[PDB]
Amino acid sequence: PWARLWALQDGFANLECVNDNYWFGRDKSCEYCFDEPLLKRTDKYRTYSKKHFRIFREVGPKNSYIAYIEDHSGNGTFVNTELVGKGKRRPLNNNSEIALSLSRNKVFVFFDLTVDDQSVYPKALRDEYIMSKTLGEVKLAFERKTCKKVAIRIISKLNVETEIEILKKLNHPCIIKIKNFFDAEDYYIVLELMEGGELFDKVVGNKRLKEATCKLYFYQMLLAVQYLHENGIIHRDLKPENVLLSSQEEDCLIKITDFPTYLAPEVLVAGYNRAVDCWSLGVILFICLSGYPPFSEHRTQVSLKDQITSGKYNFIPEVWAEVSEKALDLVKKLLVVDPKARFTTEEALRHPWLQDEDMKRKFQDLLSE
Amino acid sequence: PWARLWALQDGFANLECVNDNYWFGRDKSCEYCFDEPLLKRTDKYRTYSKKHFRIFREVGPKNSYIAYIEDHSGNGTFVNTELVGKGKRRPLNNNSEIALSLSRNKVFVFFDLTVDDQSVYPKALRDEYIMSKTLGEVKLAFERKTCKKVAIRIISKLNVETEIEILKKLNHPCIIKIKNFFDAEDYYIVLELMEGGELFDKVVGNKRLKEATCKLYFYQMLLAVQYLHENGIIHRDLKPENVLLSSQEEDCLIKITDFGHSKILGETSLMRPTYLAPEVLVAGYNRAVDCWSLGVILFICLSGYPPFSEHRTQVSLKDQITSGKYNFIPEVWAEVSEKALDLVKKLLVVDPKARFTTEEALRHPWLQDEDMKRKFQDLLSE
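Protein chains in written order, with PDB author numbering: chain A, 92 to 227, 233 to 253, 268 to 369, 388 to 397, 402 to 501; chain B, 92 to 227, 233 to 253, 268 to 382, 388 to 397, 402 to 501.
Since the hints were derived computationally from the structure, they do not count as laboratory data. Hints should not be assumed to be uniformly reliable.
[Said to hold, decoys possible] Some chain B residues near chain A, calculated using beta-carbon distances under 7 Å:
1) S155
2) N186
3) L204
4) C243
5) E302
From the three backbone atoms N, C-alpha and C, an ideal C-beta is built for every residue, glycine too.
Bound conformation, chain A alone:
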């Protein structure tokens, strides 16, 4: 049952569209025939054609099914007032009003039933999950029982299958959990879904975060990246929008996902080592403390890809005037052009700035949830 037709006048009955084609008209051979005796006395009956119009489903060569209406009437078939026209066809969208002979003469409402159709999705998933909106191919879903939001990555049509198992083994509070996996035909990876949104939204609009908060998030970030590293994973693309926040509250758990500036200097001139993630965290810290990126073109004044390579980052003293020396120093030691000389995650965790049991206790507290 791919479409519903909802009658809007007495003479007409509702139609469930299961078949691939439906003809409408007074002709006895029409799947939907107007010949009903109540309908025959509506005077406007005589204005209806023998084969008035047809609705049909066609497979568009994208594995998608498109509904069309096709006017064959002398007096017109109208979709939301607009006349289709004798011999013309047009796509039939959800909530279309079908009018006959007159523009205002509404007869049906058309509803597409293949919108949040669960039939597409495999049985094993549908038993645990309700599928919702696309979050742009990743979808929002709900646990049938607990009604808790989750995210589901979907992939497409051998070896990148146990790679999922290894990701599901990863267990760290500052890292997105692979809550569930479904291999049916497309790969369905159920993931955790952070509510507090992206750390990106928190620094957008040239505003900066509280230094205390930066430290709290950055500590978590460091822990997470370090864990990844010793689990043989280099993140390789680490940014404000990859860092998710657990709640609306400023004191919250940070979680990393996804396995423009943030490209490392060494990765511009294998060169795929851990230090690239450190560079990235450096850039994240910088944006967090300052509220602006360490690199951007403006004019002819040095290319962005040249700025990074020389290592000369954008330094606005007035902004950094109210950011502690150690905070600036960490960022400095983290944004070294020479990767051999760049700070490592261990080194960063030893840095004076993070020598702060006050926030560390805050972090432990947050783990108790």
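With the hints as your guide, set chain B onto chain A.
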């Protein structure tokens, strides 16, 4: 009006949902009250609660609006048979059947009206196009008058518009036509949309194409790339999925897309796996990179497998390319002509100065085939 409720029993009336919340029940304070006199005599009336259930819209912190139903009834609110449960909530999807007190007792059908809502798109676009299904963001759309299927690439949040005008200047039958552009909310780029899908789908699953067909497609490919070159465009990322086929038929026109990586006149397109050239691993942005790519495409086409892939410790993929030692399975290449293998060879040279050019490739013995060239001319007559 974000949702429709369609009554399925006489006592009930339809509901248009415009407000953010609607309570249902017998209590007079419910936005949808059951107290109607026809409804009062349906005996099952007495099984309905005072505040039976509510439907409401909530802004999920993604600029998206999610519908929920929430059961508060003693006897149950059911969504598609499934019981919601006293005090529980759940997302309410399109075409949900709401049943009261009994699982089978259907009362409403719920329809989401923010589904194929056209209000999202700019008027200029809607005047000419009916937007349809997504194809992953690139959505399908229909020319309002002709009903011609076209593709519309939608983007995100200055001069990335001149680029469009330039790409619009490109006029070759083997290159995707940019039918239109809209700068408003997101940048909308209306494109031709080939009916035959990607050349990628044609070689997927370790299967190879007919050698005759390869030649037909590869000729076209060569022409297209050459044209691009002499129009100051280096494609820079050329692959099976960038090559589109005009129809289901094996003999068809080939069209090239994606100038998202290309460098247009002087600059890199402001829109900004194996197909990386050896020189571009060690400016180094010359035409010869496209030749390398076409070489790799030819290789995949004829053989049905890629010239490079890691397998094990046995040489890295990025090292294979640089030494130029491609994967050669004699049993596969046993039924591919010598000239075909020779073209691929001359096209996959490590030294870019020594690599074949598009002109050189078109002079190659393999493409000295007026039989297929006549076939191509035929296809132009359409």
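Results for each hint:
Interface restraint check: B/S155 against chain A, minimum CB-CB distance 5 Å, threshold 7 Å, status holds. Evaluation of the B/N186 hint against chain A yields a held restraint, the C-beta minimum of about 5 Å falling below 7 Å. Hint status for B/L204 relative to chain A: holds, with the closest Cβ pair at about 6 Å, below 7 Å. For B/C243, the suggested interface contact is upheld, since its CB lies about 6 Å from the closest CB of chain A, less than 7 Å.
Nearest Cβ of chain A to the Cβ of B/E302: about 14 Å, over the 7 Å cut. The hint is violated.
Checked against the numbered hints given earlier, the structure breaks only hint 5 and satisfies all the rest.
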